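This document starts with one chain, in the form deposited in one PDB entry, laid out as structure tokens.
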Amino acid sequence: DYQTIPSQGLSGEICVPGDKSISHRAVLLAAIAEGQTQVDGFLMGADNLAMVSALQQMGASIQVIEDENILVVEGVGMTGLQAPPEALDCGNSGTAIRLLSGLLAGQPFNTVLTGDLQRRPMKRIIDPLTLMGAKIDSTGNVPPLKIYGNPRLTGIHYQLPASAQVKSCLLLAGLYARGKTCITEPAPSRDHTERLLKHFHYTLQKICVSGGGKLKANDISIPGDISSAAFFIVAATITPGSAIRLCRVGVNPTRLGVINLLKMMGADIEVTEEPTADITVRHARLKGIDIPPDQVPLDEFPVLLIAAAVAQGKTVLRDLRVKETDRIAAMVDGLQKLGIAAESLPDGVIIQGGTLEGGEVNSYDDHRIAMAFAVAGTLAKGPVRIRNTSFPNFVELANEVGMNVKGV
């Protein structure tokens, strides 16, 4: 159990842990490039290391210097991946299972993808991979997935009615498809895959990628995870006398949703192949807003709801994926317990700003939810108790900047 006590003000400079999505893509692309790549700021979490283990099972040369957050990867070339002796265990990483599916569909061997993920189905990536020539067995529970490598995939044009997960997977398959693979979508979506492809010298057309190119090694620094940054950003925003600076945080437009929304509420957020920046945040009073639906697709959203809880006025969004709709429900419950008049809507949510109270909330064993209520704990009139890996690191960092969190 995690307890909090009202913060007397956040201050100082901190680095947040490396970006998870970029870490995933950096090691996977580096593994098959030509030459040596050094990865700095690699998120040494369980998920990211599950990806490293899978790649090592397929002949990838990767040194893990866990204490320094570095990887020294010796690429094996686009055609250098080899049949793994056993199932690839993706543990809890729904990203690993999706990217590997895209990477492996077109190899000349069979693979089994295993993991802890069954709530999240993946017909959205299997359908298009199958059109490219993939033979994937996804019957019963998924995971596990059986992939019957098809070393003769063919490029396809595929229409996506705003999903970066599918686009990432298909760009990966496209490296191993004959011809061009083109993905068109209604509006831009996270483009970390496109960026790292360009970082490793592969050419793109903006998006189409062609099978037949060659990834070349190129050192990379993983920017801080703006999704992690967001919690400190909101903490600093709502807590009197706070002024903090988050160093080297990635500020890719496709990930700035929360920052954009906080700015509209009146937050004081100074933002000084992947754009990275320093972010300085100072306490500020917020107003409620109408949240535009196109800003949600740009994981951290739960903590924005905290910012809404302490603003003056009503905050509302009308017109989403199920995963987030579930997280919203968890926030509405928790806020209710802390004296906040919140209410779920079939199309979104409606929060009336007021005054956080001390109390108890249920985190639903979700680190993002627990983190969000830790942030609320900074301003809550009394201790907030939470019944919730990365959160212990979150705890150490929080305490260092004046956000009080005791796992006792």
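Positions refer to the first chain, counted from 1. First, how it differs from the form deposited in another entry.
- Among the candidates 369, 245, 223, 76, the residue located at the hinge where one rigid part turns against the other between the two forms is 223.
- The smaller of the two rigid parts turns by 30° against the larger between the two forms, as judged from C-alpha superpositions.
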The other form holds:
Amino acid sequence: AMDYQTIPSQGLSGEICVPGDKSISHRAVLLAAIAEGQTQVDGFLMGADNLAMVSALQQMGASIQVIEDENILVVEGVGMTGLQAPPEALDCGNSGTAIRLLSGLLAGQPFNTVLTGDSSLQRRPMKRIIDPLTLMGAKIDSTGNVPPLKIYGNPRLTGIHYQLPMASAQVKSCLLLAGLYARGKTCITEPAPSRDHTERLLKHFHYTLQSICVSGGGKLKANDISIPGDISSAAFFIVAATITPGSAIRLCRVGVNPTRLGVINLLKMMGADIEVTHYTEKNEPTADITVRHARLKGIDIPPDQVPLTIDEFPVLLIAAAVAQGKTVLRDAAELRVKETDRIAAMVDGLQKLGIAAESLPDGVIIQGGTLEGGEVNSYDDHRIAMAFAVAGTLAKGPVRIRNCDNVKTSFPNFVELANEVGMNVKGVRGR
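Okay, that's the form deposited in one PDB entry, but what's the structure of the form deposited in another entry?
Single chain only below; no partners, no other molecules.
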């Protein structure tokens, strides 16, 4: 509901999976919808952007059954040519990824589609995909190179070899999809190799791929898929179990990034008790994460990790609040407004929960202490709202978190997952 109310936890326990992120979730259902056969998708993020993708595919005749509370989809593929013109404009909500992937998928279809979304989405730039898509023969009308986009399906799409002056996995993913419906082969080359989840998903669905090249005329084969859990969503539970006495949990199949330091490792530096096991590379790289309660010490976050901490794992600041000593985030230069606002909200909430915290022009400083019960404002930022729900696990009293509407729309299963592991949170009427 509008506000979240928590009460202190007796200690977390149990095993859960957290959903994957938006990007992999979109790609999985999209590829499954045009495959032949039935695909069961586990770990599908059930937020508004991902369900907007689902409803769009259904408008075009896809068979997708949604089990929201279990993060499951069961897709009966309609084949490469089973999509049909939607009767109305496809509303992509706030999803830039949805509109861009759908533009690639629909450019080579033998029908027309209008793609739009909310006012935020109607300002998102689209030239980067429109031009390359036009080279393959796409007919995409738009004003100001932003949505709405009217795609006049071109069944005569032809493959292209594309040489980019800068890396971009968003363009690549779009062209790979358009390539599935284009004559000959479509190839994408970059100065440096960019992120490649689309490529692995294509292989998972048994499409042939040969820089990165794909050919039209091939066929997608249904194949069950378990989306790796988003480390950002998992971080909430990792911190919860780390700071709450008597806690022991296991997070199954969480996507792990081996090339970066990360939240698990920053937590380990604070003295956390985390075991990463059962590492596999057949999904993105995946692992089970076992977390037990552990006393923590404040650390100096290296500059390179400051933006990432604030952007992706602000719940790490909740762990700093209960550690012994101070934790310091100082970036080389003053932070961007998005970062500055985020830290100001975290600092203000922490202060309201009796923690000594100061915002800096290039970061923040947290004096480790004791979280008290009280009231904070999430400022409709789901990451902030969730971080304070986690602070509630150890707070001396109940914590009320105002304006949590965006948690339901970004990560709706948070509340049920929190409760299932012993972390008390319930939606209540606000203001």
